[PDB]
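> Letter by letter, the chains look like this.
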Amino acid sequence: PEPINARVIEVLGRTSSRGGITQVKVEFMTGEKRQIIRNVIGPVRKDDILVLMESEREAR
Amino acid sequence: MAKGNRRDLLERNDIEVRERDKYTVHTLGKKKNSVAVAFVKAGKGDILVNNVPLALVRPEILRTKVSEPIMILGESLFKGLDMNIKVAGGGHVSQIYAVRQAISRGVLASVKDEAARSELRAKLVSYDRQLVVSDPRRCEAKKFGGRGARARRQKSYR
Amino acid sequence: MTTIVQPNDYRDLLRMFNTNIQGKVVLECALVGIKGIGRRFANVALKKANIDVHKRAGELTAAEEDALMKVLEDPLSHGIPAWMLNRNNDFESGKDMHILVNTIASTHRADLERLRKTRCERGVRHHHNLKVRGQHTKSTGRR
Amino acid sequence: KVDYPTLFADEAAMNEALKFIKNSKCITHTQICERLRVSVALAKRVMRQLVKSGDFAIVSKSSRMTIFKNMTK
Amino acid sequence: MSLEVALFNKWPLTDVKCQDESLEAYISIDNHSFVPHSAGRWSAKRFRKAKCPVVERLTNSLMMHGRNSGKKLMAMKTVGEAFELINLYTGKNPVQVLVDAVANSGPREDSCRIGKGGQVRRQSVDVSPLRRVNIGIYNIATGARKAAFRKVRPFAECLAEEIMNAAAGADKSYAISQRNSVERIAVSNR
Amino acid sequence: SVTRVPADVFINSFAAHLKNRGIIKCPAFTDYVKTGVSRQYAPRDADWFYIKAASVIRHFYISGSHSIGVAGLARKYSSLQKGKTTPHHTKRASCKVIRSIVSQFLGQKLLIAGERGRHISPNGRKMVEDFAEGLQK
Amino acid sequence: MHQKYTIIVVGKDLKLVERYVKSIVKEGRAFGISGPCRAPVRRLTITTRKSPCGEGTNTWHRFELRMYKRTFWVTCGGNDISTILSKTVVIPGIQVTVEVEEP
RNA sequence: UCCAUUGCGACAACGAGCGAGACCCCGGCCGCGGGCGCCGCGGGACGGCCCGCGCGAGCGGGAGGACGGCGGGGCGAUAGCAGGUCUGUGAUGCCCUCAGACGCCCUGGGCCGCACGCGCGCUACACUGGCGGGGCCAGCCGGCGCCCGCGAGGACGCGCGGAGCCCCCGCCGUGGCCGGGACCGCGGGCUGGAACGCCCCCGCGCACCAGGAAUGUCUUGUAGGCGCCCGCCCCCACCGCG
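Residue numbers (my numbering), protein chains in the order written: chain P, 30 to 89; chain U, 12 to 169; chain C, 242 to 384; chain L, 15 to 87; chain F, 1308 to 1497; chain H, 158 to 294; chain E, 1217 to 1319.
What the hints contain is simulated information worked out from the structure, not anything from laboratory work.
Here a beta-carbon is modelled for each residue, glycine too, at the ideal position from N, C-alpha and C.
Where hints are given, some of them may not hold.
Just the calculated beta-carbon pair ranges, DEER-fashion [claimed, not checked]: (1) C:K296 with U:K153: 52 to 58 Å; (2) H:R201 with C:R360: 46 to 52 Å; (3) C:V266 with L:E48: 19 to 25 Å; (4) F:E1490 with C:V266: 49 to 55 Å; (5) H:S222 with U:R18: 17 to 23 Å; (6) L:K36 with H:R201: 40 to 46 Å; (7) U:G54 with H:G226: 37 to 43 Å; (8) H:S158 with C:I345: 58 to 64 Å; (9) H:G226 with C:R360: 50 to 56 Å; (10) U:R18 with H:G226: 24 to 30 Å; (11) H:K248 with C:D250: 42 to 48 Å; (12) H:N280 with C:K296: 41 to 47 Å.
Straight-line alpha carbon distances no greater than 30 Å define the calculated DSS-like cross-link-like pairs of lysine-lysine that follow [claimed, not checked]: (13) U:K154 with U:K41; (14) H:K209 with C:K372; (15) H:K209 with H:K248; (16) L:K75 with F:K1378; (17) C:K296 with C:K336; (18) F:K1453 with L:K15; (19) C:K288 with H:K176; (20) U:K41 with F:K1384; (21) F:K1317 with F:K1399; (22) F:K1458 with U:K41; (23) C:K296 with L:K33; (24) U:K43 with F:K1352; (25) H:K209 with H:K176; (26) F:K1324 with F:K1458; (27) U:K52 with U:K41; (28) U:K76 with F:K1458; (29) U:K43 with F:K1479; (30) F:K1453 with F:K1378; (31) H:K241 with C:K372; (32) L:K58 with L:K75; (33) C:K276 with C:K372; (34) P:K75 with F:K1423; (35) L:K83 with F:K1356; (36) L:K66 with F:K1384; (37) U:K41 with U:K153; (38) F:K1384 with L:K58; (39) F:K1356 with F:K1324; (40) F:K1379 with F:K1399.
Using the sequences provided together with the hints, build the complete structure.
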């Protein structure tokens, strides 16, 4: 219910047609070290912080 | 009305010659089509543009932009000496930046211990780099395809 | 000016030359509501009258209303030049006059009457509704 | 649509135009226009009268915009 | 330090920060000159605008309209007026309010066209800090721009009201409404 | 000197002094003119003549020994013509007013002619500096 | 004896005009002549349609003619009427570089 | 791998060439000389240095530097189109005109004519504004004084010279109103052999409240906004090259 935030460890490059979206590998600095995947729109770089309204969702 | 390359300017034949020989230093600043010539000497903290003091300039909003080097560098140095800049070229803002560049270089040309000069250069460039290095970009020409450098006349396929 | 509260005689709507004028607009602009008057003519008219120009029109006392009227039917004699008049060399009088609302319709309507009998090129085009000047009409002004 | 005057009648230059602003802390010509539904010029005149009194002080002045503060509180 | 850059020679930048962490570093609050007019050749690299002083970013969007193109002096004057108004209503530093507002706007989710997505198949995705700040700024400026067209009151008052409301998070403001609409519609597609 | 004060204060103060001293007088034609083909309506103020005169004498002082003609003064009071469904263009002011002002100033010997145009005389410099210092504080 | 003379030089190529100069100045060291005053370049410009008719895309030619000018007037008293010819002969006459003289 | 048949490494192929790049003009930084007037000759930047990778060619990041990785233009391969041009020419083949002439010259008129469909543009829909006064800076480049006349312009006489936006002070105060200036009615002037052409003054004061289906251009001194010079030209720029 309470959106958390995740930090970027790396980047997996553009995927979506017409560019834009980029896959990413994040981890929860909430303390669980859950390395997962997500998609992002807009310029992004390493160490950036995202806001995830989902404690749990998967893409690929 | 003044081109910025005229011999009368880089020499400053405006000043009377007997006093001219006192202004040991010379300097230059620019931006776009705008030139600044600072003849500097010893004084008690005074400055002038085209026979105008520094406070009573037209950028009532950018007066601090002109004064920046004074505040970032301190006051005793500028109080030490005196100036009389002249400027000529396109626009108002261009002239403002030309002037501030000229002031920075001229005051920084006065010291004699190059270690102090380096320390001051480092202190100053940190705040901004364009107070010491001229801006290169300049107006780009236009082409006959349309009425602008890169834009083109609107094309109708039907 | 510096007038906050309304003058006891402040008149909210004024009538002149069969035209009605408001009492909240400034005087020089209000008079523009009439036909035959504009901004340039008006100031040159009020000023000769020793009238102020930045006073709301409704607060114009009655005495000023007449003298203002007097200098408007008798412009030239009061001094105003002959190049500030809407009618400079009348066809019959040869005079220099300034004509107003009751007259514009007649002097104009009577002008075209003279052009039809004279058979000028201009008069005919005033009939079928074309352009009297030399404007091109192939692709413009399409009703 | 909306009509506004430019000339108070006697008592409206006191019952509201003044009595109602003095409570305010910061005011402006257009604010007082939209509040009292009267055109701006009258607001300029009245504010001049007030600074003449001394209840308000200018903080930022300019042809486009000048604003005041209520010192009297 | 040696000098404090009192903005417009009134309000300082000392005890100022941002609460949110995601965009804390994408907001420059310390390299403000006395006047938000720098000839910096920003927008040259890909991430250099993240160092532009936030206020200059703000003013550079107030002259977006075609008629008002190339007019920065009026923009600086407008911004100064708005800052005085904010100080007079709130009593605190307007810069704090501006940063809080830019943080409280900006969507945290938006819909895009991923893969083939035939037949309007739009998935949901999260958003990067830079786009968040950009959209927040653009929304504030556009909201103030929409209120003051063919209206009596000036642009500055609308600007300041919008900014304070957004800092409050009230739905009454235009930016907050836009953000909520976008977030919700994207949730539908998630 | 004079350039150590903004023009706005100096111009108005000098014009008031001038009107008080009767140095120059508004002729009749000053009350129906529009001041330039560019301009659209006539001036609002009733004492613009004196302001213009003050500005002109200040301009003659600035140039010092250099000479100015009337038509060269008209190009410093130009503007932009509008209302023609056509791109705007720049136009020169009228020179009758300027001629009146310079002729009156010269009649008072504040302004000595040369080969071409006219240039300030030392009396004019004396007076201008005197008032400049008078308003300095 | 003494007359205060001027030398004009005109040309469209920069090489000969920079070669005539060296010869003349080398020849005049004794008579007291001094270097030139390189004058502003005169730029002739013509834009013409690249086609003899209106067709296709509208493409333009941009022709120009540069004219260079060097002026030695430093002979004067150092050179008399007859001695001027001494200087206008030893130089290497070039087929196109009009040089005019006028006190 | 490269923007690029640009390169590395192989192969019944070996060895070459054009095109590309190289090249020329412009500008940015520095040096020398010369000088009525800023104009002549040179230097400088090369994927050179550090770090990663990659046999390699080369890719990503960081430095110092005026400029950092094809900065803007010109030239532009083989082959071809029934593309346009006989109305540019003492460039032209074949036909037709050739003494009541399609030859050449003069007088008037037309190419501008208007119920209508659209292509490139200009002006506006206003307060991020309009009006009045004042202050003030460009570059391709460049001519001024005195006197009359509101102005446009005019009579004399000499060689001398730069604007809009913008900033400041005030008026207006949401009203198709001082926004907008089309249309039309007297008048004063210029050009020219001759106004149908062009300017100035007073008056009148059309639509127009951001524009549907459709669609165009654009990545740094760029878009957009503002104005200024030349071309044709007896007068005339909402056009075009800059």
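> If a hint holds in the structure, say so; if it does not, say that too.
Status of the hints after comparison with the structure:
Checking the proposed 52 to 58 Å range against C:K296 and U:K153 shows it holds: the Cβ atoms sit about 54 Å from each other. For H:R201 and C:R360, the Cβ-Cβ distance of about 49 Å falls inside the hinted range of 46 to 52 Å, so the restraint holds. The supplied range of 19 to 25 Å is met by C:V266 and L:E48, whose beta-carbon atoms lie about 21 Å from each other. Look at F:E1490 against C:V266: about 51 Å separates their beta carbons, and that is inside 49 to 55 Å.
At roughly 21 Å, the beta carbons of H:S222 and U:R18 sit within the given window of 17 to 23 Å. Between L:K36 and H:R201 the C-beta distance comes to about 33 Å, which lies outside the given range of 40 to 46 Å. A hinted range of 37 to 43 Å for the beta carbons of U:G54 and H:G226 is consistent with their spacing of about 39 Å. At roughly 59 Å, the beta-carbon separation of H:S158 and C:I345 lies within the given 58 to 64 Å, and the hint holds.
Distance hint check for H:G226 and C:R360: the Cβ-Cβ separation is about 53 Å, which falls inside the suggested range of 50 to 56 Å. For the pair U:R18 and H:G226, the supplied restraint of 24 to 30 Å holds, since their beta-carbon distance comes to about 27 Å. At roughly 45 Å, the beta carbons of H:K248 and C:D250 sit within the given window of 42 to 48 Å. Between H:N280 and C:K296 the Cβ separation comes to about 43 Å, which falls inside the hinted range of 41 to 47 Å.
A distance of roughly 27 Å separates the Cα atoms of U:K154 and U:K41; the hinted pair therefore holds under the 30 Å criterion. Taking the CA atoms of H:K209 and C:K372, the gap is about 45 Å. The hint is violated against a cut of 30 Å. Distance restraint check for H:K209 and H:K248: the Cα-Cα separation of roughly 18 Å lies within the 30 Å cut-off, and the hinted pair is therefore satisfied. Taking the CA atoms of L:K75 and F:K1378, the gap is about 21 Å. The hint holds against a cut of 30 Å.
For the hint pairing C:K296 with C:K336, the CA-to-CA distance comes to about 34 Å; that exceeds 30 Å, so the pair is violated. Annotation: proposed proximity of F:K1453 to L:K15 holds, straight-line Cα distance about 21 Å (limit 30 Å). A distance of roughly 20 Å separates the Cα atoms of C:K288 and H:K176; the hinted pair therefore holds under the 30 Å criterion. Distance check on the hinted pair: U:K41 and F:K1384 sit about 27 Å apart at the alpha-carbon level, within 30 Å; holds.
This hinted pair checks out: F:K1317 and F:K1399 have alpha carbons roughly 12 Å apart, not beyond 30 Å. Distance check on the hinted pair: F:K1458 and U:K41 sit about 44 Å apart at the alpha-carbon level, beyond 30 Å; violated. Among the hinted pairs, C:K296 with L:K33 is consistent with the structure: their alpha-carbon atoms are about 27 Å apart, no more than 30 Å. The hinted pair formed by U:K43 and F:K1352 meets the criterion: a straight-line CA distance of about 23 Å does not exceed 30 Å.
For the suggested pair H:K209 and H:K176, the alpha carbons sit about 12 Å apart, so the restraint of at most 30 Å is met. Among the hinted pairs, F:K1324 with F:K1458 is inconsistent with the structure: their alpha-carbon atoms are about 35 Å apart, more than 30 Å. At most 30 Å may separate the alpha-carbon atoms for a hinted pair to count; U:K52 and U:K41 meet this at roughly 21 Å. Restraint check: the Cα-Cα separation between U:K76 and F:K1458 comes to about 35 Å, which exceeds 30 Å; the hinted pair is violated.
As the CA atoms of U:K43 and F:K1479 are separated by approximately 46 Å, the hinted pair breaks the 30 Å bound. Distance restraint check for F:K1453 and F:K1378: the Cα-Cα separation of roughly 19 Å lies within the 30 Å cut-off, and the hinted pair is therefore satisfied. Between H:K241 and C:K372, the direct Cα distance comes to roughly 18 Å. Compliance with the 30 Å bound is thereby established for this hinted pair. This hinted pair checks out: L:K58 and L:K75 have alpha carbons roughly 13 Å apart, not beyond 30 Å.
For a cut-off of 30 Å, the pair hint linking C:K276 to C:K372 stands: about 24 Å separates their Cα positions. Straight-line distance between C-alpha atoms of P:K75 and F:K1423 comes to about 28 Å, which keeps the hinted pair within the 30 Å bound. With a CA separation close to 38 Å, the supplied pair L:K83 and F:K1356 exceeds the 30 Å bound. At most 30 Å may separate the alpha-carbon atoms for a hinted pair to count; L:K66 and F:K1384 meet this at roughly 27 Å.
For the hint pairing U:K41 with U:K153, the CA-to-CA distance comes to about 24 Å; that is within 30 Å, so the pair holds. For the hint pairing F:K1384 with L:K58, the CA-to-CA distance comes to about 21 Å; that is within 30 Å, so the pair holds. Proposed proximity of F:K1356 and F:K1324 is supported: the alpha carbons are some 18 Å apart, at most 30 Å. A hinted pair counts as satisfied when its Cα atoms are at most 30 Å apart, and F:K1379 with F:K1399 qualifies at roughly 26 Å.
Checked against the numbered hints listed earlier, the structure breaks hints 6, 14, 17, 22, 26, 28, 29, 35; every other hint is satisfied.
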